[PDB]
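Enquirer: Chain by chain, the residues run as shown.
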Amino acid sequence: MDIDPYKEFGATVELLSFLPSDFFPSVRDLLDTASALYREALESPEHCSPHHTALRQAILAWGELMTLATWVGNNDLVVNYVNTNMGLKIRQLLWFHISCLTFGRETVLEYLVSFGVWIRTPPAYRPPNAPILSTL
Amino acid sequence: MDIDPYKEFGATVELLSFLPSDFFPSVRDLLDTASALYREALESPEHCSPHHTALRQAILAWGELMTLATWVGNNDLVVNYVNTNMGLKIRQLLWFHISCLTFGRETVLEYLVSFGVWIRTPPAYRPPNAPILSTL
Amino acid sequence: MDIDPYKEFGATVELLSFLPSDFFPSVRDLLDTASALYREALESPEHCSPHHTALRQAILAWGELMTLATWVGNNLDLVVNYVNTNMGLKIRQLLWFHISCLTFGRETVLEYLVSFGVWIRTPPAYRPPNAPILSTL
Amino acid sequence: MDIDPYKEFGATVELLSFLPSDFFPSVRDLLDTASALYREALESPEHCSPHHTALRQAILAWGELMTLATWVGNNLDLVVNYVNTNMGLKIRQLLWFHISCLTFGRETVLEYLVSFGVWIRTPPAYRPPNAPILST
Amino acid sequence: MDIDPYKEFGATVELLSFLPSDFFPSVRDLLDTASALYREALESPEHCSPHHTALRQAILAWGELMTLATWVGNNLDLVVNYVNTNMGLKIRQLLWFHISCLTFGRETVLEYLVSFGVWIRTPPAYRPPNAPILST
Amino acid sequence: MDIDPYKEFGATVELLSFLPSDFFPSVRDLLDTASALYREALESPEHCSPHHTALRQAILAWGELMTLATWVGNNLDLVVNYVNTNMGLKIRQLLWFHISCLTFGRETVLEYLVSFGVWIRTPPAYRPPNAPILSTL
Numbered sequence: 111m112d113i114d115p116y117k118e119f120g121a122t123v124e125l126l127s128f129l130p131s132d133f134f135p136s137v138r139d140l141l142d143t144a145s146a147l148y149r150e151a152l153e154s155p156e157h158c159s160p161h162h163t164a165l166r167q168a169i170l171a172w173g174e175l176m177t178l179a180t181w182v183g184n185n198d199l200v201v202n203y204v205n206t207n208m209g210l211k212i213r214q215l216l217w218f219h220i221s222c223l224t225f226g227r228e229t230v231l232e233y234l235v236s237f238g239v240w241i242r243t244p245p246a247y248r249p250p251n252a253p254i255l256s257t258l
Numbered sequence: 111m112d113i114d115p116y117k118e119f120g121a122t123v124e125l126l127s128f129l130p131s132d133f134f135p136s137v138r139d140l141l142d143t144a145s146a147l148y149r150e151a152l153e154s155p156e157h158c159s160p161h162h163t164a165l166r167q168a169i170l171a172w173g174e175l176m177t178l179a180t181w182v183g184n185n198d199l200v201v202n203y204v205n206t207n208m209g210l211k212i213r214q215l216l217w218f219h220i221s222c223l224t225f226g227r228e229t230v231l232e233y234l235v236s237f238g239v240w241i242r243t244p245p246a247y248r249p250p251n252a253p254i255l256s257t258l
Numbered sequence: 111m112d113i114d115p116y117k118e119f120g121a122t123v124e125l126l127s128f129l130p131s132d133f134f135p136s137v138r139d140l141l142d143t144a145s146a147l148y149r150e151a152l153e154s155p156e157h158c159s160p161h162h163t164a165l166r167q168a169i170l171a172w173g174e175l176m177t178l179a180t181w182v183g184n185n186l198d199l200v201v202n203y204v205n206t207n208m209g210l211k212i213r214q215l216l217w218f219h220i221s222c223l224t225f226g227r228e229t230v231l232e233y234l235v236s237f238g239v240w241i242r243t244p245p246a247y248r249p250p251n252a253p254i255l256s257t258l
Numbered sequence: 111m112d113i114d115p116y117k118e119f120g121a122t123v124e125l126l127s128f129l130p131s132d133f134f135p136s137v138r139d140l141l142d143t144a145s146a147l148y149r150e151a152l153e154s155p156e157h158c159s160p161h162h163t164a165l166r167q168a169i170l171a172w173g174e175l176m177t178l179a180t181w182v183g184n185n186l198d199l200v201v202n203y204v205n206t207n208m209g210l211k212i213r214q215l216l217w218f219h220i221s222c223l224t225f226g227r228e229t230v231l232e233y234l235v236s237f238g239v240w241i242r243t244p245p246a247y248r249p250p251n252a253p254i255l256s257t
Numbered sequence: 111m112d113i114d115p116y117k118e119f120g121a122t123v124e125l126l127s128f129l130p131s132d133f134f135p136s137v138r139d140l141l142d143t144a145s146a147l148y149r150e151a152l153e154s155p156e157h158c159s160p161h162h163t164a165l166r167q168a169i170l171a172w173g174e175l176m177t178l179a180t181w182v183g184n185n186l198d199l200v201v202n203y204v205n206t207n208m209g210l211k212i213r214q215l216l217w218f219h220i221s222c223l224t225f226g227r228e229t230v231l232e233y234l235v236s237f238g239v240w241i242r243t244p245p246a247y248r249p250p251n252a253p254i255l256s257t
Numbered sequence: 111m112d113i114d115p116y117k118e119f120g121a122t123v124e125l126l127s128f129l130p131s132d133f134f135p136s137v138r139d140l141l142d143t144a145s146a147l148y149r150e151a152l153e154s155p156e157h158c159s160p161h162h163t164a165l166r167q168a169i170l171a172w173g174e175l176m177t178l179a180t181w182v183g184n185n186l198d199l200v201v202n203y204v205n206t207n208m209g210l211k212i213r214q215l216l217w218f219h220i221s222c223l224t225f226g227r228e229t230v231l232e233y234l235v236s237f238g239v240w241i242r243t244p245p246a247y248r249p250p251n252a253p254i255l256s257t258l
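Line order of the protein sequences matches chains C, C', A, B, B' and A'. A prime marks a further copy of an entry chain. According to the authors' numbering, the residues represented by the first sequence are 111 to 185, 198 to 258, in order. According to the authors' numbering, the residues represented by the second sequence are 111 to 185, 198 to 258, in order. According to the authors' numbering, the residues represented by the third sequence are 111 to 186, 198 to 258, in order. According to the authors' numbering, the residues represented by the fourth sequence are 111 to 186, 198 to 257, in order. According to the authors' numbering, the residues represented by the fifth sequence are 111 to 186, 198 to 257, in order. According to the authors' numbering, the residues represented by the sixth sequence are 111 to 186, 198 to 258, in order.
Pulled out of the complex, with its shape left as it was, chain C reads as follows:
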């Protein structure tokens, strides 16, 4: 079985691999961002949005990955191995769902094709400041 996690939300894995690899903030910055303004919404008993159902499983599954790393740390390249390949897939899943909740789903998707083509023009022919999605 092959299923993209972003497929119902209107994006792809390729369109999330369209941004650079080190554009996404770290997991500590992203988890504190969700814990900043989405604690009373994520820990609600009733689900509000399909982003909320996907984000409850993104945090819990990364919790299972971290306690697997501390267990294998006791019994440290393997704790560094998870942040290379398994760590990119959780940052992209966290950044996409946090930003779609704050700003909007279609606003993130239009930003992904805007920052993707901004990073792939020559510097002397593009707007100099990098595009950042923001409120107002």
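Errors might be hidden in some of the hints.
Calculated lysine to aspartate or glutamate pairs in the EDC-like style (CA-CA distance at most 16 Å, straight line) [unchecked claim]:
| id | chain 1 | residue 1 | chain 2 | residue 2 |
| --- | --- | --- | --- | --- |
| 1 | B' | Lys117 | A' | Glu124 |
| 2 | B' | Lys117 | A' | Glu150 |
| 3 | A' | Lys211 | B' | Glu174 |
| 4 | A | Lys117 | B | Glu153 |
| 5 | C | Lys117 | C' | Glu150 |
| 6 | A' | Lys117 | B' | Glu153 |
| 7 | B | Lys117 | A | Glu156 |
| 8 | B' | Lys211 | A' | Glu174 |
| 9 | C' | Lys117 | C | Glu156 |
| 10 | A | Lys117 | B | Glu156 |
| 11 | C | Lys117 | C' | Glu156 |
| 12 | A | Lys117 | B | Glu150 |
| 13 | B | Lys117 | A | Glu150 |
| 14 | C' | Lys117 | C | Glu150 |
| 15 | C | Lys211 | C' | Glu174 |
Have a look at the derived ranges for each label pair, beta carbon to beta carbon [stated by the list, open to error]:
| id | chain 1 | residue 1 | chain 2 | residue 2 | range |
| --- | --- | --- | --- | --- | --- |
| 16 | C | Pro244 | A' | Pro250 | 14 to 22 Å |
| 17 | A | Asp112 | C' | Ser159 | 52 to 60 Å |
| 18 | B | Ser159 | B' | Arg149 | 24 to 32 Å |
| 19 | C' | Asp112 | B | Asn202 | 40 to 48 Å |
| 20 | A | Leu186 | C' | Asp112 | 33 to 41 Å |
| 21 | C' | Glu124 | B' | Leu125 | 48 to 56 Å |
| 22 | C' | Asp132 | C | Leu210 | 30 to 38 Å |
| 23 | A | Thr177 | C' | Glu124 | 18 to 26 Å |
| 24 | C | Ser154 | B | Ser159 | 31 to 39 Å |
| 25 | C | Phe128 | C' | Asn251 | 52 to 60 Å |
| 26 | B' | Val235 | C | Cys158 | 49 to 57 Å |
| 27 | A' | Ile113 | A | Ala151 | 23 to 31 Å |
| 28 | A | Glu153 | A' | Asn251 | 46 to 54 Å |
Honestly, the hints are just simulated from the structure, not real lab data. Beta carbons: idealized from backbone N, C-alpha and C, even for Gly.
Start from chain C and add chains C', A, B, B' and A' according to the hints.
Expert: Structure of chains C', A, B, B' and A' alone, referenced to chain C:
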């Protein structure tokens, strides 16, 4: 942040720890069950149910756990370690979402309190055949 | 003062001594049926039913008895055997009756305790071998 | 599962810790206060106030562990003068709270636990000698 | 800029100087009077009475200078038994005034500070031994 | 008891720890923005806004700390360094947040603290060099 994965669906972790530990079928039996009759629904681009959004993330996160186990198998108690503690949490998440999709959400929740009290009566004072939820 | 514990719920102890001593599940499996099915109503800041108020006092009465069991073990064996088995049967049938009045409803349990009475009093030569099962409808 | 026995009645166990441990009358004085006032109502088969359900259970729980004090006495002390002192103190707080909530009303006892809070908190040079008594 | 912390609540700091400096209960007795009564209301994200805003700030200002007493203790006394005695007295007047204005109402505390004025002013031969207590 | 200082105003400390330590002006320039713009409302005998009640307690909490700084200097250096710089950053972001909720309005600040969050978390290679400025409309 502390969030149960079953909290929006009307259950708890305790009510899923109400059944015995080895009641749940293995991950191979459960993944082939979802691949049996939910391939054209889970791999749809549009999300149908909150069980579908939770089940797309249950399969993908267990995929990240298995390739972590083959990587640490190369670089085998650790491949057996994941099936003791990290393996119960994925079987319960797979069994709850497969059975709620087939039969119904409230039918699984009424079955959980039915099989829970069936296993906790003396044998001579209970119905002899174990309760199994089934169609018709 | 000789109070009947569940006289106000439509039963007696004499109606509920008909069940055998091995009819009730153990206190661990009885507290788990209370904790797993409905702890949100037991920890609630209001009293939903008179079974709930009787169930909050019944759990904490057993918890005080379990404090006495570890105290006589650590500080200061037959008395641990006494709380678990002799005074525990009064907690088990108190926990069973209040859980079952909330799961299946109260009138279902009281009609079951009569229909167990016609089964447990007949000699074994003239009764069906399976005991009557408790279930709604 | 840690239940507060008074939480349904509007008082926490922390709010009832305003009263000192040696404030409460003896269990013999509390049971005769019950037997003189509420003997028909406690032994009736009729449903009553939720203090009545908690008062039938608190007397019988004391009665169950009264026979434990009788049984441990002959069959061999330090235990019999522990079971009514330390473990019977939780009966005294439970018997005092339900006798007084039936007689003087519930909300007056909630106003009494606060008004005993301001009495026991004040320094000895500025507190009245009249300890607050509960009267009607 | 010299602000009165009580001026918005109808009392001046001169009017609250009727009460003696050793009248006020200790800060440990005031915080448990808050924690037993108002723990849900203080920690709620909902706007409440203007005593609640001043009570969240008075606890956290005491909490900030509580860590100052911890930090000055090891890192080197006279300072740690000055910061809770002299500088913590302004907390005790601020914690007493807002606990009592929430429980007994605001105008009763304004009527209590005046009625404690006539008690402490009278000569010792003509004053009642009952210091005025605040009850409901 | 673990109280959040501005939970009731629509924020957290975790939402407001995203700003750097050098984002806030010093306590002298923060008290002057309170004293010069509106001291008539801070010295007023009524509470206009819940930011005003939180601002009266925040100024006098710092004034008590400045009394401790001169007392440890005159009577009885690293502890003067501690109040000014380590516990002063908790006063600076408390003074900044309540002043800005009264100047620009509260919803403007909370939408600014999110939009600073998307700026401060991105790496410097992919963010514009100027930080987002706070202003109404």
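Enquirer: Going through the numbered hints above, which ones does this structure break? Give me the numbers in ascending order.
Expert: Hint 1 alone not satisfied by this model.
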